[PDB]
Each structure stands twice: as structure tokens, then as C-alpha cells.
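My questions will all concern the structure given below.
The complex is shown incomplete by one protein chain, all other protein chains being positioned as in the whole.
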Amino acid sequence: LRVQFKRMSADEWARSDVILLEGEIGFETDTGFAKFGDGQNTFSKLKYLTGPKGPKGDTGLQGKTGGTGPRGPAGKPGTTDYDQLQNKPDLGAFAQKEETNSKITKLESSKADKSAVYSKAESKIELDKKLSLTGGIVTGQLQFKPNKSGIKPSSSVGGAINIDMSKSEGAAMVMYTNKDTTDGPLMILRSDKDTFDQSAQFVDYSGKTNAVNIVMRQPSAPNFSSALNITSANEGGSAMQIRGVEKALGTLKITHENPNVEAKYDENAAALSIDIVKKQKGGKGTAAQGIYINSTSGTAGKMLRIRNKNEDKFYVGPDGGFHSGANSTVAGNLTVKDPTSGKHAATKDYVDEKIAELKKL
Amino acid sequence: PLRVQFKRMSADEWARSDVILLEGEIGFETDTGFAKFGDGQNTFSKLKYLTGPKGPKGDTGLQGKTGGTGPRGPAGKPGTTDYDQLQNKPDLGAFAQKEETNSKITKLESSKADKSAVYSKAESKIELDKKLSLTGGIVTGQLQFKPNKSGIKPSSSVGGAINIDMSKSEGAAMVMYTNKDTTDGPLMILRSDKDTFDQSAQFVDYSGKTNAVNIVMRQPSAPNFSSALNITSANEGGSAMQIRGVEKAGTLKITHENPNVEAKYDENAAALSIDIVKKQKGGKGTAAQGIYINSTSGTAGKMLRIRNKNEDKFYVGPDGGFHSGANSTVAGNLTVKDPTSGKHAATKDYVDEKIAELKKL
Partner (left out) sequence: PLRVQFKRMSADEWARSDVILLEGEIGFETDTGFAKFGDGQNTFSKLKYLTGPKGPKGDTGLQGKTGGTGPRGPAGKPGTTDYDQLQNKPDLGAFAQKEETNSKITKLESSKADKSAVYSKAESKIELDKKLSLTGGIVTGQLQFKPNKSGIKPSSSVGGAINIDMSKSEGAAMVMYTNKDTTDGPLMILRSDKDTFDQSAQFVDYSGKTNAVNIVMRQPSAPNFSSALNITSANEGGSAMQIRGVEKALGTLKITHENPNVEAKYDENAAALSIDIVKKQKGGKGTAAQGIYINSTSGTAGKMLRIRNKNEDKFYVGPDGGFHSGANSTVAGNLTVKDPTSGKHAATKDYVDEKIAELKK
């Protein structure tokens, strides 16, 4: 039972009014399409007989893997360290800065600049301008001006200057001059306040010869110059005092040596010369005396004894009675006592009485 | 022309219908127009539709995201590891060696004079000016002399612990001044303590044309008993003073000037005063003499020559015979010789040689 269906060309159906029954199939001889029938509608307006639709296609494949990445950044640059090097130089053998500048700083502060020290020869040259205790030579004026320095007056250790020769031969001091002339003496002592209760020079001699000795030497031409000259203006005291304790010798010994051999050269020369004068100005005169002999305690010796070649020629005794030597003279009359023995001077009351007592008887 | 109709339902009515299509019989969906065939042993639900083919495969996927950037390579190795090959190597020559330098400094610390061990110029100076100079100075203390085996010569020209030589300089050798109202000692003092001392205390060897030594006491405000020179001796075997002279035409010249204008002020004054005394500490008496004139060689001049206004008034001659001037007196008797001249005193042996020679015849 091979059944064929109602069929036309695909176009012939569209132009046809033939109505297929509800359930009757209609065919398109072109391409093979087909539809059913709606028993009251033309072929154009009725459903075809297709299937639903196929299922969903498979999901696509998986994409190609991504490209490999880019090269990372370059490494950081190298570093060079001192300590890890080889042949490092030894720094120890180098002088530290601070320690050195400190050593030098202490040196400039602790050491003696040349300009602040005397050299050996500089020290010497300035020393030789100074007196030494082993000797020296002073050319200038050496003044002494003590002041509350406790200078004691002892005649053994004191004095502003003290020379002690008890352990050394020689002299203490010499003052020598070879000058023809000058304008002043050598040594000078002076006190100006008349209340000064002390001496100018003091000599406490113990020894075996002349204590103080003054000598004038024989001059070329003689002239009036004395070896010692004393002068006083104190009217209440003698100009000079001499005391002695001689046993057999004179306390003051004056001697006159003849300058010439011929005996009569020194006929006007004396051993002791006295001259009494008046005031050298307003003076009216003088009643002064020449020689004053006395023995306030009383003597038995002769108050004056003139001699010549050790032979007596004139003397006065303690009684006051003199004894001449040769022929004398009196320019006057001599008052005597009555002659009581064959030699006694004859008065006049003797010559008369014995002239008249021969009253022839 | 047997028009065949087929089995047909609505799309829903098929699912709930029990109609079993025969093996090959067609079934219709009056809705969708879909259709299936038959299994003659199955409901419509279980008969497979007439689906279409499967759709095509989906597009291939995209492409993966690019990979991450790579990692940083390792850091570079250091340059050189030997010191010698480095660049800009420092010049070590410009650095001071340690030992060589500390030795240089040490030689200085040993060769130079610390300040604390040397007097400065000003430190030395202050001690220099405290010492005596040869150009002058001012001594405030006591300058003692104590020579000992120092070769002090005794020469009167160069010796002495002090020697002053003014042969090339005007002025005085030494001056000793005091303006004090009072003190407890003199100025200059000479003293010898060993009574065996065989030398002088002071020696003056003067050669010149004026007074060698000159002593003057000046006029005091109020007079008193003070002498310009005072001599004292306790050596019983020698004179207290010695004077020798060679005067051609007086050896010792004594002069008394009247202190006042009035002629009789000095009425009790003498030029030379003598006194003979006993021992002051138990003396019984004295047999000493006053004045002793002599001429061991023999003189022709007068042993005593008194004058007044240069007019002779009394003199003793070398013969021993005096010669008065005016009227005298004898409180006693004068023994004389028999008168062998027209003048001459009368004895008694010549008054009575004539008083008897006139017998009566």
C-alpha cells in the first residue's frame, strides 16, 4: 500500500484554491516541503511539518596560553669595600693628627724661648759688671746710706764697714795718691750738729809701737807746712790734752834736730814757740799767760830743770828757789832778806846798820 | 483518489493521550506543526521528535593574559679586590711617619730648657740689680771684710783689703758724714787687742805743700770742756807723744787768741797748762818734774827766751845765767859770789871785809 499524496509545484499551490481536509497532507514537488490541512484554508496559510530545532552546539575550545613575560630588570650595581681588599696599607705607621698637635702645643708653652733667656756669654758679660767677693775693681762712687739696719757701734764687730785682719797679714786700708795737685783732701770726718755726743776718730791701741803716726817727708824746697795742725773755737775747753804715766822720761818729748851741720844755721829755731795774740778783729787786748806749771797734788821734783850736755845749768824747785849756773843780770833792784850767813845777799838795812854801829865807840 | 486523513491533536492533548501509533503511522501536532512517527508499542511522549541537526561549534576562546615581568638578576660583582689596581690611589708621602716624628719631637724635649728650670731675662734682671755694680751703688746693710789667706799685701801703695787710688781722679778718697743729734759711738774706730802687736794703728806718709793732718773743732753754741784732740797713755816706759822738728828759724807753735774783744777776758788763761799728779787709785805722792830742757849735743842758743811785744824781758842763756828786766823779789836769801866789778850785788864777806878794814889807822 504505497500511498502518494496530493501534490503540485511549490508555486502551483500558492495560486491554487484547493482546500485540504483536516488531517490530509499536501506536498510540494519542488524541494520536497509539505504541510497538513485545516479543512477550510488555502495552502498558503497553514503550518509546515518541520521539526523543532537541533540542540545547542558544543562550547568552543580554550584559548592559546598567554605569551611568556618580559625579562626582569637588571641587577643593581656592584659595591667595593675597603677592608676586604688585599694589600691594604698599614695605617699604624702614620702619626695621628691630634696627638701630635698636642705634643707640639705643650712644647711651645712649656719651653724657654731664646729671647727670654741669657746665653752663657750674655750671663757672664752682665755678671762681670758686678763686684765679686773674691775681689774686684770699683771705678765709681760707692755710697753707704744705712737706715734702721741695726748697725751696731762695737769697736770689734760693728760699723757700716768692718775690716777684720785678725786672720790675715797686711793692712786694712790704704789711701794712696800720686797726683801733683787736687781740689780736696783724702779722708774727711765731719759732724755738723753741735749736740753730737761722740768723737770723730777713736784709737784703742794695744801693741808695741807708735799707735798713730804722722810723717812729713823731706820736700824739694822747704815751705811752711806742718805735719799736724790743731785749732779750736771752744772757749770752755783746752785745745789738746796729754796724759802719761812715765817712770823716767817726759810725757811729751819735744826734740829739735838741726837741719844743717853748721852749728849756727838754726840760731832762731826753737823747740817750743809761744805767741799770745788779741782777738783777730774787735779785740782790745789780752791778759793771757804763757806757761802754767803746777802740781795740784804736790810734787817733790823740780818744776823746771834746764840742762846742757847733761850738765845742770838752771833749775827751779818746789820751794820756789831757783839755782842759776853762771853770771846773770837784773835790770832793777832785787828785794832779799837780811844776810844771816857769810854768803847770803846783803840788804841795805845791813850795810847801813854796820856803817853806823861803828859810832867810833 | 482515496483522500487519507491522519491522527491529529493539539500540542497538549498529545502528551495526555494514550493513542498508540502503529509501527510507521504518522502523528500530527495541530499546533506547532511538529510530528513524530510510530513504534506500535509506545505513547506519543516516548517516540522521538524529528529534530534538526546540531548547531556548529562555538568560536575558539581568547588568549591568556601575558605573564608577569621576570625577576631582577643578581647584583654585580665588585670591581677589583687588590688595592694596587685601584684608581685615584692616595699619595701617602704627604703623611708624617709616626716613629720618625715622635723621635724628632723627643730630641726636642731633651735638648731644650723647660721654662721652670731657667731664670727669665727679667727674672735674672731683678736679681742682678740687687747686687753691687762697678759704676756705683747704695749699700743699705753692713759690708764686712774678713780676709783669710787672700794675699792682702801690706804695701803703703797697693795693699789693704780696701785700697783707694786717686792718682787719676780729682776729689777725696773717703768721706764719713753724720748729721745726727746723738749716737752711741764714734765714726771711725781703730783697735788692736793683742799687746804683742808689733805695728801701728794709723800711718800717714805725707809729701806735699800744706798741713798733712788738720783737726778743727768749730765754735759751739754753748762752751763746754771738750778738746779737739785727747791723748792718753798707760805705758809707763814711754812718752805719750813724740815731736821732732827741723825748723831753720818753733817746732811746736802754741797760740792763744782772745775769745773776747775786751782785753781782760782771758786774764786767767795760759798757752800751756801743766799738772803733776799722783796715782788716781791709791797714790801716796809723786817726785816728778815739770819741764826738762836739755841739749845732749850742746847748744849756743838760749834755753828760754821770754819776750813781750817782741821786746825782751827775761831770758836764760846757755851758760845758765838768767837776765831779768825789772824789779824782782826773793822771799829768802840769795847766795852770790864776791863782787869783782863796780856793780854786782854785795855778799857779807865784802861788807865785812871793809867794815873791818877801817881800823883806827
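Think of it as A and B in the order they're written, each chain with its own count starting at 1.
Going forward, a residue touches a chain if its C-beta (ideal position, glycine included) is under 8 Å from a C-beta of that chain, and two chains touch if they have at least 3 such contacts.
S.K.: Of the residues A:14, A:91 or A:125, I need the one that contacts the missing chain.
M.R.: Answering carefully, the residue with contact to the hidden chain is A:91.
Just so we're on the same page, only the chains that are shown with their structure count from here on.
S.K.: Indicate the whole-number Å distance between the mean C-alpha point of subunit A and the mean C-alpha point of subunit B.
M.R.: Computed value for the inter-centroid distance: 3 Å.
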